[PDB]
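Yeah, one chain of the complex is gone here, protein chain that is, but the others are all in their spots.
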């Protein structure tokens, strides 16, 4: 509705300080009240004034030179003509973000204590809320959500359903319980944020290309952002923030170096974005400011993500304050991570990080962690660095005294290709370093393509202990002969186990000078302990004078000696074939 | 192209009746031929005149007060500057919908009878159709698609491939057969419908925020709609209706209370929308008007949905006239439903409705119903309401004489967390109330996280009968000891079954004063009938004078007495240990 040209923008790609047009600061401020100095860029002055007008701003193709950030409280509405509508910080730029909009957390009355899964909140006095309003429940106590980091504090975003007196009902169930004496409540007050069809060429100075903070349903669509600093796009304390159809590339400056990060956000996500950043193309986390609650129901879909493989870290990120978030239908070059609680990767294609691993874990609070029908590729071998291809604390402190809820690690279907492992390598490692909770494993349905391999599961205990409900390896295709199904220490060894069935038909021939004949079997896979073995004689009835009793003696985790013995010890009177049909498995759960 | 300001709009948020500007109605009608009274809103008159010009309408930021719907026939093109372009019914509003566009159903010739799966339609005379045209085959006979409601009539939308004389080929196979003597055919005649980047604040009076009816490929994008009445967005009899990137919030007025509903629609769906509504955030169904055919190939993807949990109903809806529709990659707070035919939930996260159940059924015609790799949560327990966590007629008439096709209920992978069930609760219930078709269950691969639990399956018959092709429980993680695998009545009990394997190794020591030694085993899970049991002796050969024959006697659904007996009844001559390796399962299909 307004343009920067209407407020005097030039936008020709060259510098135009206000001094080119105004002899005095007072004269410049008569036109641009918030100009700071005559050396400020006319393009910046014009863009900021247009934003300040309160009308949606349309930015025609041009190359706008700015020395300060374009910022707003409340609302920010900017739409360009596409990638040719360029906002470009100059070498003289100062400020935290190229574009920014910041809403408000406004104190609400305190509340009564409330249980997890409730949809009713009792305020101490009349709350200024109506249906559709958004508020944050916030616990200022350090580590109130997770002990892994100080800043992982508890709370969540609620959406008002109805209000009756001091009672406020909400539109979806609470993720967590709150003691009323420990939380402060804030109404999220913000205007309309919609940023579309522009290109930010941020350079090396600003920390963020775009910052949107404490806003309900901001929208970023069809943008291009390049930067060499901390974050291409940073959503902080936003509810239903969406960024869609955008290309974000952050070369980094050697800091946290994020492409798109959702800090203390709830709902929304990224859809159909192509993203590169040095460390984490997409990430979740937050800060330590008021309202720094966990990241929940944030969904990354249909993106392609790349990072700098030499950074050594995972490309797709969640930090340990995430709960109930996922990457879905994403192509992820350079690895992914399980952190926090209740995290899923669904139908993603994921390649390895530099260490050779594909999925790595950290800061596991507990809950369920899932690789759902993913396609996994590694060109390396993480075993020399003590990690699994899917790693849970192999060489790091991940399952600790800060892991306070039972954990379920679920690998369902999909495929895993890893041509360059050794006979020492393992597909999944979990190592306890202080936790005392059940750690359950379901490794199920996946098709595996390897050269050499040592083991499917490697389950270790450095400190702490576990009593799992289950330890399951099942329906795997592509396992080569000789591998170990699960090395399991301590409480993993005594866990209720299900292990794959092996078996076959072994011919034995009786001898007329003996009451028995035996034959050795070496299992194609090594079990964690002696499996449950069946043996049955087929394809012969009387071997002369006796049927014979089929047994196995001994049996072990690695094999068994099959035998056919006359019950009473009489020698067989004929020398003839018999088929010993054997099988082995473990079926405790 | 045109703006309401050009036609005299004010849009400042206050009321401006025509009387402010025109002394008589005649005077006003010179400018606005459609004006009804001098009390009409200038903003309404202006917006309607803008629509009536036939040019695309751009609505600049503004708050436009209207007392009547903005409506059109055939085409409607409205685009604003985003959420600050607000259309607002006043207290005096009269009309059914805030914005609406209605296309036409134009008679085509009758047709010859045609079979399901055909791509060739024979018209009785020359049809006015060319490639790309869309028509509806419509059976006006009540319940011609489904007997569950009279308005579930048969027919479908067809897209013309080629026309040769009176023969019309179509671009995809027919879903159903039609007797030519029973159907009337209608060409869908409509123009361009495109509604984008506006906000409708509908209030309590209009039944619909947006209504689009009988239109080919209408588009709704980047809109925000709030309402407290029947439907935020209602697509009726549309082909390839698509709504994208929109936020829809219907507080409801205590009726059907839908967010987005697709009535009698084919193709299209909802993508990347955040939706709240009191009863069903998204739904499908229809009315009883001409062309009220089944809802097909409508796909809801990448949405977050919420409802009022106190409504007691499911948040994500399909009615019984749905065929071949799905929700995929959606976050669903407040439950989902199987109804109609061939319905799936894929990679969704779903929480419980107030009853404690998560997926509920109604109006099952038959076909295949799938929960594919979904993450399911319930904080409650549906068993006291006689419902499973996944429920098929537990407490309602769902599998009845109106269920006319074989049913397959499939649960594949994913997870289910339900910490608060009792030892009486069951994960899935199916109860017959009059149906006679096969009802097949595949409960396969899911990771389960419970405290107490009674049963995996509960399969009951109040009336009717069934001869299932299969009844399968397999590859489940997380089942606690003592649960029942399936309680199965009548034809469920005699169905070909597959039930999980349990087994173990039990040490027994022979005694020199007996020919046998036994040991009791109680299975971890209770089978629906005595399972198929194997026992083999290992890790010992002769026990003095005899090997011993390993048997089980008795066996039952809940356990077995393992035994080692000398074949000839001679007492064992030595007291030595032996391992009885036992296992059980059911392997009929």
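Order as written gives the chain letters A and B; numbering starts at 1 within each chain.
As a working rule, contacts are C-beta pairs under 8 Å (C-beta built on N, C-alpha and C of every residue); 3 or more make two chains touch, one makes a residue touch a chain.
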item	value
Omitted-chain contact residue, chosen from A:249, A:337 or A:466	A:249
Omitted-chain contact residue, chosen from B:25, B:489, B:506 or B:551	B:551
Omitted-chain contact residue, chosen from B:287, B:289, B:372 or B:433	B:372
Given A:479, A:514, A:557 or A:575, the one touching the chain that is not displayed	A:479
Residue among B:122, B:159 or B:253 touching the omitted chain	B:159
Positions on subunit A contacted by the hidden chain, ascending	60-61, 81-84, 222, 226, 245, 247, 249, 251, 272, 274, 276, 302, 304, 306-310, 329, 331, 333-334, 347, 349, 351, 373, 375, 379, 413-415, 417, 445, 447, 449, 475, 477-480, 501-505, 524, 534, 536-542, 545-549, 566-568, 570, 579, 581-583
Interface with the undisplayed chain - residues on subunit B	1, 55-56, 77, 116-117, 119, 131-132, 159, 161, 169, 171-173, 192, 194, 217, 219, 221, 240, 242, 244, 267-268, 271, 297, 299, 301-302, 324, 326, 328-329, 342, 344, 346-347, 368, 370, 372-373, 406, 408, 410, 412-413, 440, 442, 444-445, 469-470, 472, 474-475, 516, 530, 532-536, 549-555, 560, 563, 565-569, 585-589
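One rule holds for everything that comes next: only the chains that are shown with their structure count from here on.
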item	value
Whole-Å gap separating subunit A and subunit B, where each centre is the average of the chain's CA atoms	28
